[PDB]
Amino acid sequence: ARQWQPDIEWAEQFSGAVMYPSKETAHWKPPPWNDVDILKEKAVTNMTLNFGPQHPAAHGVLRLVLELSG
Amino acid sequence: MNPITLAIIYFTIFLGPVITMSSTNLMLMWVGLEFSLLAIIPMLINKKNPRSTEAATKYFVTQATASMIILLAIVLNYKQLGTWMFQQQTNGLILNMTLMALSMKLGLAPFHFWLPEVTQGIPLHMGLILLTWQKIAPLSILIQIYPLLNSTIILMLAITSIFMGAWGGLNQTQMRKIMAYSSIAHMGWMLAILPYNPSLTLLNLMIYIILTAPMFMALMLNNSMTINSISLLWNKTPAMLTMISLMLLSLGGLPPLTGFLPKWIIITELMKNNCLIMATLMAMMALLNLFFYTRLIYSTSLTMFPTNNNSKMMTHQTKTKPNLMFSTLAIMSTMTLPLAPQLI
Amino acid sequence: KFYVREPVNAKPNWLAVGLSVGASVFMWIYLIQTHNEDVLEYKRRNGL
Amino acid sequence: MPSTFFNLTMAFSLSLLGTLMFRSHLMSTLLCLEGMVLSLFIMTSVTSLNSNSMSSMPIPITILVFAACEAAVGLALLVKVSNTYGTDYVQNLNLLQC
Amino acid sequence: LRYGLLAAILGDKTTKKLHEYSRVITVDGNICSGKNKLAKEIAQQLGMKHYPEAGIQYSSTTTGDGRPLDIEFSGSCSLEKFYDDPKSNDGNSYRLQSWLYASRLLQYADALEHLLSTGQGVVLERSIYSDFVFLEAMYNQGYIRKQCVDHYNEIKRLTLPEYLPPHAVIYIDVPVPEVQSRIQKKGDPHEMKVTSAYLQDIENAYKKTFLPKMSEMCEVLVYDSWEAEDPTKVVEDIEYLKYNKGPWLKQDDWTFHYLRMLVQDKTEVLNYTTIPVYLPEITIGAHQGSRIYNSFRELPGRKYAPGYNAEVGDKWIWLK
Amino acid sequence: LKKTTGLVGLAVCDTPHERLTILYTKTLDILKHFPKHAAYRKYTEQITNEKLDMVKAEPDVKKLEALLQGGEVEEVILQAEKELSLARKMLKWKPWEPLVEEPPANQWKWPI
Amino acid sequence: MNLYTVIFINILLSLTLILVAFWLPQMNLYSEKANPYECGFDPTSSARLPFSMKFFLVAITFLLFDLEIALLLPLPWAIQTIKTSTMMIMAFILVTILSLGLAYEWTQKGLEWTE
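Line by line, the protein sequences give chains A, B, C, D, E, F and G. Numbering of the first sequence is given in the UniProt record's numbering, commencing with residue 34 and proceeding in unit increments. Numbering of the second sequence is given in the UniProt record's numbering, commencing with residue 1 and proceeding in unit increments. Numbering of the third sequence is given in the UniProt record's numbering, commencing with residue 28 and proceeding in unit increments. Numbering of the fourth sequence is given in the UniProt record's numbering, commencing with residue 1 and proceeding in unit increments. Numbering of the fifth sequence is given in the UniProt record's numbering, commencing with residue 36 and proceeding in unit increments. Numbering of the sixth sequence is given in the UniProt record's numbering, commencing with residue 5 and proceeding in unit increments. Numbering of the seventh sequence is given in the UniProt record's numbering, commencing with residue 1 and proceeding in unit increments.
These are calculated hints, taken from the structure and not from any lab test. Every residue, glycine too, gets a C-beta built ideally from N, C-alpha and C. Worth double-checking, as some hints may not be accurate.
[Stated by the list, open to error] Simulated restraints, written as ranges between beta carbons of each label pair:
{"id": "1", "chain 1": "G", "residue 1": "99", "chain 2": "E", "residue 2": "286", "range": "28 to 38 Å"}
{"id": "2", "chain 1": "D", "residue 1": "3", "chain 2": "B", "residue 2": "340", "range": "50 to 60 Å"}
{"id": "3", "chain 1": "C", "residue 1": "29", "chain 2": "F", "residue 2": "36", "range": "52 to 62 Å"}
{"id": "4", "chain 1": "D", "residue 1": "89", "chain 2": "E", "residue 2": "79", "range": "55 to 65 Å"}
{"id": "5", "chain 1": "A", "residue 1": "78", "chain 2": "E", "residue 2": "175", "range": "48 to 58 Å"}
{"id": "6", "chain 1": "F", "residue 1": "70", "chain 2": "E", "residue 2": "286", "range": "37 to 47 Å"}
{"id": "7", "chain 1": "G", "residue 1": "92", "chain 2": "E", "residue 2": "250", "range": "17 to 27 Å"}
{"id": "8", "chain 1": "B", "residue 1": "93", "chain 2": "D", "residue 2": "89", "range": "19 to 29 Å"}
[Claimed, not checked] Residues from chain D shown here face chain A by an in silico Cβ test under 8 Å; the list is partial:
{"id": "9", "residue": "86"}
{"id": "10", "residue": "89"}
{"id": "11", "residue": "95"}
[What the hints assert, rightly or not] No farther apart than 27 Å at their CA atoms in a straight line, the calculated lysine-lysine pairs in the DSSO-like style are these:
{"id": "12", "chain 1": "E", "residue 1": "280", "chain 2": "E", "residue 2": "268"}
{"id": "13", "chain 1": "E", "residue 1": "277", "chain 2": "E", "residue 2": "122"}
{"id": "14", "chain 1": "G", "residue 1": "83", "chain 2": "D", "residue 2": "80"}
{"id": "15", "chain 1": "E", "residue 1": "191", "chain 2": "E", "residue 2": "285"}
{"id": "16", "chain 1": "F", "residue 1": "40", "chain 2": "F", "residue 2": "6"}
{"id": "17", "chain 1": "E", "residue 1": "181", "chain 2": "E", "residue 2": "191"}
{"id": "18", "chain 1": "E", "residue 1": "228", "chain 2": "B", "residue 2": "319"}
{"id": "19", "chain 1": "B", "residue 1": "48", "chain 2": "A", "residue 2": "75"}
{"id": "20", "chain 1": "F", "residue 1": "93", "chain 2": "E", "residue 2": "242"}
{"id": "21", "chain 1": "F", "residue 1": "30", "chain 2": "E", "residue 2": "72"}
{"id": "22", "chain 1": "A", "residue 1": "73", "chain 2": "E", "residue 2": "338"}
{"id": "23", "chain 1": "E", "residue 1": "280", "chain 2": "E", "residue 2": "191"}
{"id": "24", "chain 1": "F", "residue 1": "96", "chain 2": "F", "residue 2": "36"}
{"id": "25", "chain 1": "B", "residue 1": "319", "chain 2": "E", "residue 2": "350"}
{"id": "26", "chain 1": "E", "residue 1": "277", "chain 2": "E", "residue 2": "84"}
{"id": "27", "chain 1": "E", "residue 1": "48", "chain 2": "E", "residue 2": "84"}
{"id": "28", "chain 1": "E", "residue 1": "122", "chain 2": "B", "residue 2": "319"}
{"id": "29", "chain 1": "B", "residue 1": "48", "chain 2": "E", "residue 2": "248"}
{"id": "30", "chain 1": "D", "residue 1": "80", "chain 2": "E", "residue 2": "285"}
{"id": "31", "chain 1": "B", "residue 1": "321", "chain 2": "C", "residue 2": "38"}
{"id": "32", "chain 1": "D", "residue 1": "80", "chain 2": "A", "residue 2": "56"}
{"id": "33", "chain 1": "F", "residue 1": "6", "chain 2": "E", "residue 2": "243"}
{"id": "34", "chain 1": "C", "residue 1": "38", "chain 2": "E", "residue 2": "350"}
{"id": "35", "chain 1": "A", "residue 1": "75", "chain 2": "E", "residue 2": "191"}
{"id": "36", "chain 1": "F", "residue 1": "36", "chain 2": "F", "residue 2": "113"}
{"id": "37", "chain 1": "B", "residue 1": "319", "chain 2": "E", "residue 2": "48"}
{"id": "38", "chain 1": "B", "residue 1": "319", "chain 2": "E", "residue 2": "191"}
{"id": "39", "chain 1": "F", "residue 1": "96", "chain 2": "F", "residue 2": "46"}
{"id": "40", "chain 1": "B", "residue 1": "321", "chain 2": "E", "residue 2": "242"}
Start from the sequences, fold in the hints, and give me the full structure.
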């Protein structure tokens, strides 16, 4: 009674990362709309340096545990 | 980027291929190739996102390896013949190595897996530049040594490229990957004819560029980077639909459009040289391209996919992006078959 | 008067229209001149 | 001369094999690219010197110049890669599979 | 000369234009907190431009004739219907929220364009940075769905990061009973149906997510209603604010240029609002979409490009 | 205009009289919300009214600083802001209320 | 032969000193003596963790400047040319390009260190 036009079910065929799917690729996901990917935060670890007590610049009895980047 | 950096990098990108084409010395041609690689890398890594860095690293590794093998070919030729240009008596293995490495640079299958990822991980304008301009410098060198190339190896690369690109384009649902695989297929076609008549290779390269550039401009018009995204064209920008359809069909190769002339003339020459088996296989397998283009046409122009409410607001705004070159190149790439004799 | 925001193409770019029309007429004039000159040269070289 | 050139050819071939066969670290691959460059430089310089073709000895120095430029670009890419994925392991460089 | 790299090179440098009062100030608060009252006076005193809060018809008003358009063209969403029936099965709730977020995005782009072009600060009643409070209230009530929330969050993730945050954030704090009484006093029959639970969720969002997050990147100035009265006090506080701790400090000419280029092309601003995620509330459908689009392009002055509609009054088309 | 303030980190104020009037008037406004019997209200209002009167009287910055006896006008401004913030905190606390509890019998006895 | 001889003698002398040092003194080896040193208190992590470099940009710029020194070094022989105009012009161009590159990296806060 009216020209059939594509519906949500029809349009979701062309939504997967690959269209003709496979067992290998079933775990793939569509790429993000903008190229940015929500990546797990990188926990930036900074070196820990004693800097004493036995240090020429530590006045003899300081354990100034330093957290350094570079 | 600031104006100075833009000017310098774009000048280097323009210079590279110019140096390669205008240089006689093979090493200066290699210098042109190196210029192109180094200058393109930053433009690729402009967006500074993980995908951009991934693609840039892949491109750099692959291209650097290929360029080193090319330089080996040049150096061994120097040892053999005391000169800096391949001569008629250069060793077949040296020439085959040059052929391999230029194939890997260009993206021909089997040396093709790198290309689709690089095209997927980068913006559309850089996709255009990479899939068009960066192919000029490598093809020039081969055109300069077409008498010497091995038809067996070149036809293996051509047939494999056609088959792999045609098969690959079917599955992909990403526009950039689709363009990459179309590039691989058309590259198989360009290389198939190089041993026999290089002018047809140039013809096909120009047809491919005139067909591809406007497609990338059309995609950029709305950043439509997926089949679903392009499906909303009928609402976001309706007028462009006719060109998108006709240009896709032309790239497929349906006769009445320009995109036929490359395949037709290439088959003509190949059969003139008695390459019937290869020509028939290539012509057969160059139809899956038409299939996975017809699917895009179905999705965009011949049906109306479900649309989005917010597009109502888009309808209110005004847009100014379609340049004059889109119109000119689209018409020139779809309605120029009648003038074919002048092109060949 | 109607648009809340003045349209970008509100008025003709008279420099643009003049350049376009002048270039068009120049191309036509040069083309006809070259056609006549080339016909004359062809006849001269081929002895009419 | 001929044995030396054969040995240099084998050196370049081994470096290229190492380049094409990855092993977790990107900086190592860059180093293999360097090794190939060095072998080529030596081959070119040896050829020029043995031919007494002094007009060709600028070419090797240009080889070095452009190889250094490429290495610099590679190291910058490494900087970006580490600033993202925390290290330089190439396994994490697989986002574009889909 | 439309702003481009050439214009930037030959001049049109933003840092040159930025002055003392080239800032972005955004009022915030629960409904009927006096936001417009405070904002109009702030703008008039500090010499800045006032931006009325974005509504359903903001785009219709800003483009073309400027008269409000039929709801079919303007979003097919109704605040009146939202209040009369929150848990409607026609997706009115989330359609309203998404349309309003997109409108706020457009208004923010316009205000940023003005600020970067002429260096005149802008006063905004609410911002895309604060729009999520209403969505959180809706979800906390049984109005909208987790998938609608996911769609909204994804669109915000895609759009918000591109732009710069407001320079100063003013939150006019009014308690739930007080706002309820003010709503009763205003006496809009649909508005009166609002629930104190909904208002309380709005306040909880505003004080648990918004102000905490904003404090990292902008100067915050919390007030009560009695402080909000008398704009001169708020204006004075803003006048003597010392500005630091923000992304605005790392900008330069060639960052403002690219931000301005992004903002200047409105379609590029709204690009990600139309992502093809098929949410049943927002999926219009081909036939209705075509009907609406054809009618819109049949509306007077919307058939052709701005400067090209002759029925409207445009002239000299044959040389344009 | 002052070249600098001796104290490091304190920026010279271009509009000291207006800033001081703003701060003192605001604090006067805050103190109204306190109970009238609030000793804080009474004393702080006395102090603020005195300072505001001197601010209005003397226009010269140097002589106004001499009058205010706070040192640099920038420091005076800083102290005014501190007073405003403390007034808000006291409003929250309600210190005017009676003693919360009595000490144990001999908590403050010494020598023990 | 002479350069080889002198360098080999140097190598042998250094190695002999190392061997004397490692095989003469009385050795008492235990774990505390053999563990790393950090100012009296045991280490809190390995010394092989990443150690961010705040001068990476100038490192790569040092590569480039080393190659430009490479381009410059032939000058003592070049100056003997008969095309002095071209030689001098090209050297001036090269040095000017070096200077302009340095100026750009300076003005873009490149020689400064990340924090």
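Against the structure, the hints:
1. 99/G - 286/E: 28 to 38 Å: With Cβ atoms ~30 Å apart, the hint holds.
2. 3/D - 340/B: 50 to 60 Å: The hint (50 to 60 Å, Cβ to Cβ) holds, given that residue 3/D and residue 340/B are roughly 58 Å apart.
3. 29/C - 36/F: 52 to 62 Å: Cβ of residue 29/C to Cβ of residue 36/F: about 54 Å, so the range 52 to 62 Å holds.
4. 89/D - 79/E: 55 to 65 Å: The hinted range 55 to 65 Å holds for residue 89/D and residue 79/E, with Cβ atoms some 59 Å apart.
5. 78/A - 175/E: 48 to 58 Å: 38 Å, violated
6. 70/F - 286/E: 37 to 47 Å: 44 Å, holds
7. 92/G - 250/E: 17 to 27 Å: 57 Å, violated
8. 93/B - 89/D: 19 to 29 Å: For residue 93/B and residue 89/D the Cβ distance comes to about 36 Å; the hint is violated.
9. 86: It holds, given that the least Cβ distance between residue 86/D and chain A is near 4 Å, below 8 Å.
10. 89: Residue 89/D check fails; min Cβ-Cβ to chain A is 13 Å, beyond 8 Å.
11. 95: 6 Å, holds
12. 280/E - 268/E: 23 Å, holds
13. 277/E - 122/E: Violated. Residue 277/E to residue 122/E sits at ~45 Å, over the 27 Å cutoff.
14. 83/G - 80/D: 46 Å, violated
15. 191/E - 285/E: 23 Å, holds
16. 40/F - 6/F: Violated, at roughly 41 Å.
17. 181/E - 191/E: Distance ~15 Å between residue 181/E and residue 191/E Cα, so the pair holds.
18. 228/E - 319/B: 41 Å, violated
19. 48/B - 75/A: The given pair, whose Cα atoms are some 16 Å apart, holds under the 27 Å limit.
20. 93/F - 242/E: 19 Å, holds
21. 30/F - 72/E: 20 Å, holds
22. 73/A - 338/E: 48 Å, violated
23. 280/E - 191/E: 23 Å, holds
24. 96/F - 36/F: 14 Å, holds
25. 319/B - 350/E: The hint holds at about 20 Å.
26. 277/E - 84/E: 21 Å, holds
27. 48/E - 84/E: 21 Å, holds
28. 122/E - 319/B: 37 Å, violated
29. 48/B - 248/E: 25 Å, holds
30. 80/D - 285/E: This hinted pair holds, its Cα atoms lying about 20 Å apart.
31. 321/B - 38/C: Roughly 20 Å separates the two Cα atoms, so the pair holds.
32. 80/D - 56/A: 34 Å, violated
33. 6/F - 243/E: 43 Å, violated
34. 38/C - 350/E: At roughly 8 Å apart (the allowed maximum being 27 Å), residue 350/E and residue 38/C satisfy the hint.
35. 75/A - 191/E: Roughly 23 Å separates the two Cα atoms, so the pair holds.
36. 36/F - 113/F: 40 Å, violated
37. 319/B - 48/E: Holds, because 24 Å separates the two Cα atoms, which is no more than 27 Å.
38. 319/B - 191/E: Holds - the C-alpha atoms of residue 191/E and residue 319/B are around 23 Å apart, at most 27 Å.
39. 96/F - 46/F: 17 Å, holds
40. 321/B - 242/E: 43 Å, violated
Going through the hint list in order, the structure does not satisfy hints 5, 7, 8, 10, 13, 14, 16, 18, 22, 28, 32, 33, 36, 40.
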